[PDB]
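The lines below spell out each chain.
Protein chains: 2
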Amino acid sequence: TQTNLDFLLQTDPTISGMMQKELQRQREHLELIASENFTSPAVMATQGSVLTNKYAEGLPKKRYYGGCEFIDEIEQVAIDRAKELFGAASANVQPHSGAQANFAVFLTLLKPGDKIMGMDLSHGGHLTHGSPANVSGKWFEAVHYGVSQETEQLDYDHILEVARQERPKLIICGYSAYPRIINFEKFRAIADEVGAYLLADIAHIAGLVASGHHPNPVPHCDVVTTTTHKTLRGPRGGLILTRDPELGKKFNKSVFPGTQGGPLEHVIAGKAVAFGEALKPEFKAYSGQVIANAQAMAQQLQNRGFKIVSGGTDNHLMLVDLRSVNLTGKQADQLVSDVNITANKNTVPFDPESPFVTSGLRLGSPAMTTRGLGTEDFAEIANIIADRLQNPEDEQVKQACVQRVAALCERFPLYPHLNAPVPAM
Amino acid sequence: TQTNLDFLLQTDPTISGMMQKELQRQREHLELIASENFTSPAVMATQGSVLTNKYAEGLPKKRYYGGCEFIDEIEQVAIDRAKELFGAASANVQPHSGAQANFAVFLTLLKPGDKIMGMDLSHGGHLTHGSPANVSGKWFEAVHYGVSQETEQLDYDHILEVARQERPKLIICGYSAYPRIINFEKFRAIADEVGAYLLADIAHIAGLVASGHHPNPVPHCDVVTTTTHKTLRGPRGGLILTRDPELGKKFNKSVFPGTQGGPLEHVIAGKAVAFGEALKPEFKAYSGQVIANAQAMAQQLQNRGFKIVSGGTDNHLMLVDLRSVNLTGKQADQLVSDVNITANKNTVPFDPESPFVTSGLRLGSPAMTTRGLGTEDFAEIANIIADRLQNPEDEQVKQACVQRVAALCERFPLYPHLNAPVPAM
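Going down the list, the protein sequences come from chains A and A'. A prime marks a further copy of an entry chain.
Numbers given in the authors' numbering equal positions in the first sequence, counted from 1, plus 1.
Numbers given in the authors' numbering equal positions in the second sequence, counted from 1, plus 1.
Be a bit skeptical, because a hint or two may be false.
No distinction is drawn between identical chains; accordingly, a pair holds when it is met within one copy or between any pair of copies.
Cross-link-like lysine-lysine pairs, in silico, DSSO-like; alpha carbons within 27 Å at most [said to hold, decoys possible]: (1) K112 - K254; (2) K331 - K63; (3) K285 - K250; (4) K63 - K399; (5) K331 - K250.
Simulated from the structure, these hints should not be mistaken for laboratory data.
Chain A on its own, in the form it takes in the complex:
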């Protein structure tokens, strides 16, 4: 009996072949981009389902259209599992992305021209928290706080002073390159002092929140946004949570009809699955291992003479300052790409280089942790990177790095049931 994949090979061999090549690419490199992960077979199965065919504008049991009996059930399972996982009174699982989740919150709380305050984009703030190239900075007045030049982490007394001076309507916490625990109770105290709304955008750390390895913002903030991918290891999509169920209804209307049309019900089924996985003990152990792995990589890089911004990490990621090897982030990113390692350049706090150049490399553990790597495997990764960056013109080092990458990939197969290679025998 024919599968959907059989149909794809028969009718579009070009796309079929390129998809096979992308699986092989995933298998044969070290994925160290801190926002990346490998979602489950079960999640992928939902995304490949007939749920793509249902229009389901509205909410479970309050749809514009009939025929949503089963979409409602699936969406309500997603909602209910999200509420369970994050201890939340309200969840909206329809946002197409983290950007769209944030946008729906802005549409609810703000009007164009209102002032928002988030982390400086060069200190780990997100594009959607006030970049001039994003709607958040183009149609709102974005101001910023950064980290302490001394500690390279947040100084809550300084944030309070900035907030008192700027008087934002919305304060945003949660970041894309911040390696330490965020104190949501201190953010609440600050927001209350200046009469601001408080959003925690926990996209990067949501799996750590879900597993109890990071404090949960939900009881403290007005609203919490996240992606369903990243550390939560779900399908690509967004999520809005809030402790306030009446406010939750307002966010609902801002998602639809405020921001979006019909939701992606196949992706929402994937969200339900991913939340279901995160409710299990295996995921809690996984999240523990993510942190341990990131800490092991950071420590070995320190042992190899690199500076880690803030001196280490409490989460899944780290920023490597590249002064010790006299390289820009851009150069370092290219050099590790050339040995089959994916990372990305990142400004360090108080970087003297442009954002186009940077002095940092951002690394994270989630993706390779999903493939089963342990702390000593991550110390090996640290050594491969240090070798490459310390000897960038040495071709024999380059090939040793290539070989050591290949050995790690061979030891930790990815999705081995899919397009399995021809047996050696």
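Please arrange chain A' on chain A, whose structure you already have, making use of the hints.
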């Protein structure tokens, strides 16, 4: 060897079971919602792929991140096939939805408070063309044109007069409940006369444009948006086209980083597949049959005493005025749902009922045309609906309708390779 679907059954039997029930629901009702379709096995296979795991912010060969060799190739195939299919100098295949496609256009062309002019939402305009409950009406000044009370179709002289009076910055054409051909050349003349930008949002009719059964807006408008689902029969997502490649670059930046973060590369692979299908002769014949089927249903409803708004259809859809049966749209929608037919209520032009009630039912042919129904099968559909609506209290009519629906569903299987029933023998 295990499949992803095997993993889903093993690890989440709740979601697995609900997905099976949704396939059965798709199989066992008549899908007459005009925006619905059944996308191909090949499309679904792409959406179920490992492409969900790649972050690919930027554009092909101009990404923020490494590792996009194969994502670039797939995205560029999607782009190239879209440019081919729609005769367009520029295509952006990243928008998560039609709403997000439109939003990116607004971000490019407009600022908050600017005036937009689109079709009245009660005469077939979309939420995203200036509804007060949508960002398009909340943060912009929306004005409207409608159809002629006499012809129930557009009167371009009247549109010109409204445009001259209102002086919009952007004129939008393309609708969600308009049954006649749109004259894009007349819209260009109008926009040029008042110095407005011109957007064609062809979401509902994009497959008919693609097949040559409707005129193409691309050479005439500044920009063209669409969904990839609906008559185009692709995955759920959006698309921006333009004749002006320099303007295309501006739209690119408005999608990312303007509006969105990372694209859904698995969905984009699906877009490539769907565009590839639409380039083939079978799809052109399909689109011909969509129109013929819609016309056959409209004609038989006329024969049964119903008024069709504008007197008929030139496309995939029609609006049935329900005065002949003394029912509201809401009542009619419920009555056909009760016999396993999905449609939706819709205001007619100059409706005396609220949008919550309406005097119309919107019907379309795409979904059941995909299942292989012909014109006489659609005349049967018309008769089932007429029977139900003319005799709403008659239980024997009700069951006859149920039975005749079941016979149609049995004659035209949907995805018969998936979860096939136990053989009768």
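- Hint numbers not upheld by this structure, sorted from lowest to highest: Number 3 only.
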